[PDB]
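We begin with a single chain expressed as structure tokens, specifically the form deposited in one PDB entry.
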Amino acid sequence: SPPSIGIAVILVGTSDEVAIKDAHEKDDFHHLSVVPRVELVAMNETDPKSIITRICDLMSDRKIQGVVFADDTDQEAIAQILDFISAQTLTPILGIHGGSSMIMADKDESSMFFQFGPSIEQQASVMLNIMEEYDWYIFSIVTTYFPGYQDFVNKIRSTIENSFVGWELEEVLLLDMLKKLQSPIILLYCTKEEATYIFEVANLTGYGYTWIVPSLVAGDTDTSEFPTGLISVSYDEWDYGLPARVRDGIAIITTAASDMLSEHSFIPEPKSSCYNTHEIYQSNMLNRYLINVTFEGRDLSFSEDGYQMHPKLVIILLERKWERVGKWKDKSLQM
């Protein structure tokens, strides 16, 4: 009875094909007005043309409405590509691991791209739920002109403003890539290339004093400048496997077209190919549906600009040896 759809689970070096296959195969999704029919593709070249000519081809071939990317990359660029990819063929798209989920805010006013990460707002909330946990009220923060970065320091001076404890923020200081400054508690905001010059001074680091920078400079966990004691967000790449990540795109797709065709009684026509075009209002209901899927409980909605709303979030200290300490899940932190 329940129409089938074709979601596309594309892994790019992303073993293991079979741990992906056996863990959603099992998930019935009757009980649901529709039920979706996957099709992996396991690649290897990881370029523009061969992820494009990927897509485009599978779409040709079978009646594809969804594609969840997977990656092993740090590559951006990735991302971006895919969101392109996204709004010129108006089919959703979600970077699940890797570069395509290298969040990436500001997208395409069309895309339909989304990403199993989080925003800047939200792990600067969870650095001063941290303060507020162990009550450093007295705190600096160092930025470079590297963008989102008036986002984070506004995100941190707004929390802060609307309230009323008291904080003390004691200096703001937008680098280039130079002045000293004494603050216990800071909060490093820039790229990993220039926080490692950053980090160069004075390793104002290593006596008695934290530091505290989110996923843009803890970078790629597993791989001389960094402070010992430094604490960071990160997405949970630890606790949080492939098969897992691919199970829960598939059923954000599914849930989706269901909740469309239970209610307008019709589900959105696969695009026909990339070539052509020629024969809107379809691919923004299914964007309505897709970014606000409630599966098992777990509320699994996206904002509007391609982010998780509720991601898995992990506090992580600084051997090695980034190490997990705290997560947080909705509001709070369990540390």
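Residue numbers count along the first chain shown, from 1. First, how it differs from the form deposited in another entry.
Two rigid parts of the chain turn against one another between the two forms, and the hinge residue out of 118, 92, 189, 99 is 118.
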Second form
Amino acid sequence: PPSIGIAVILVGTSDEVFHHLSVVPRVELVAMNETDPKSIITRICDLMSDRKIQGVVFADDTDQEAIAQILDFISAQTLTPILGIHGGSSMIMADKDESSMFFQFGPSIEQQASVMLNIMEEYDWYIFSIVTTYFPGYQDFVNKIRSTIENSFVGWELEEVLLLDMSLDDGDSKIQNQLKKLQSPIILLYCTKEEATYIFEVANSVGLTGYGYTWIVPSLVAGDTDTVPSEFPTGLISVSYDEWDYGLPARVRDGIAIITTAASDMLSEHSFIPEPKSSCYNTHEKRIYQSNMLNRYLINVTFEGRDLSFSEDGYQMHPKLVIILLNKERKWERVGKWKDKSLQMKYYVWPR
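What would the structure be for the form deposited in another entry, given that what you showed me was the form deposited in one PDB entry?
For this one, just the chain is written down, with no partner chains and no other molecules.
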């Protein structure tokens, strides 16, 4: 019977935790302290040239959205499948490298935006405004909402698309000047969690974070549902990945599954599996075609339970989406659930 190595870089998690297919996995767990480039790059590069790994489940307990980016880099460059289960390693990275084998647990920005519009579809929150920064996905996000609108009989009214540049000094309060334009009950904000907090301190400043205005945000903004910033407004409705029923160890199992089912299907039909990564520095197109193939399996996977398929794009097809709310006590409370179709909300009359 044939082994496949599966490294499990787990960044800060004091936890721990069922298969009858053709390849048996040789899992080997590992933790790391740092989430910087050289730190992340060099861990995965060694667990190969030493331990003959073949794919990576990777989770962290941080909001470092750039972890996702460093992992896409490492994957494309070594043609090794990397899975990002939790944390910044799973905040949707909008466009990935062509050659990449990196998939993340969580919805497409387009999924979320479609959720967010289903949420105003309920309470008829039809007059709104999109805000973005230049984080990867602003265009996809804004266009996705703009698209749903244009061809609806329903009276959506989109008052302003604000695009904020955060790569400058901020020394001129142009951002402050820019949000002056904003005056709408629903304002949608696409930006990182670190980017979010500054947009609020200026919104609180301009009296837009006052009551009478409602700010919806995607998962990444919420991020760690435990950490609720001062600068965050009370009531920042958000989508988030429903860890409530979906445990961390519950993920890592599914990580192991996908990769191993993928290998297992591939052996069944093609009667061979990628030879374990030779070296981080050993890069060929001798592995271009095997890699392209295994990606086709990685993306179409069924386990004991549900459909764990991904898209070619990196996001997850049918994720575990939960809507949440920042209450008076600075806590995140499940207000709504996105069944695989329609959404069940908690409150008919929105909490006045």
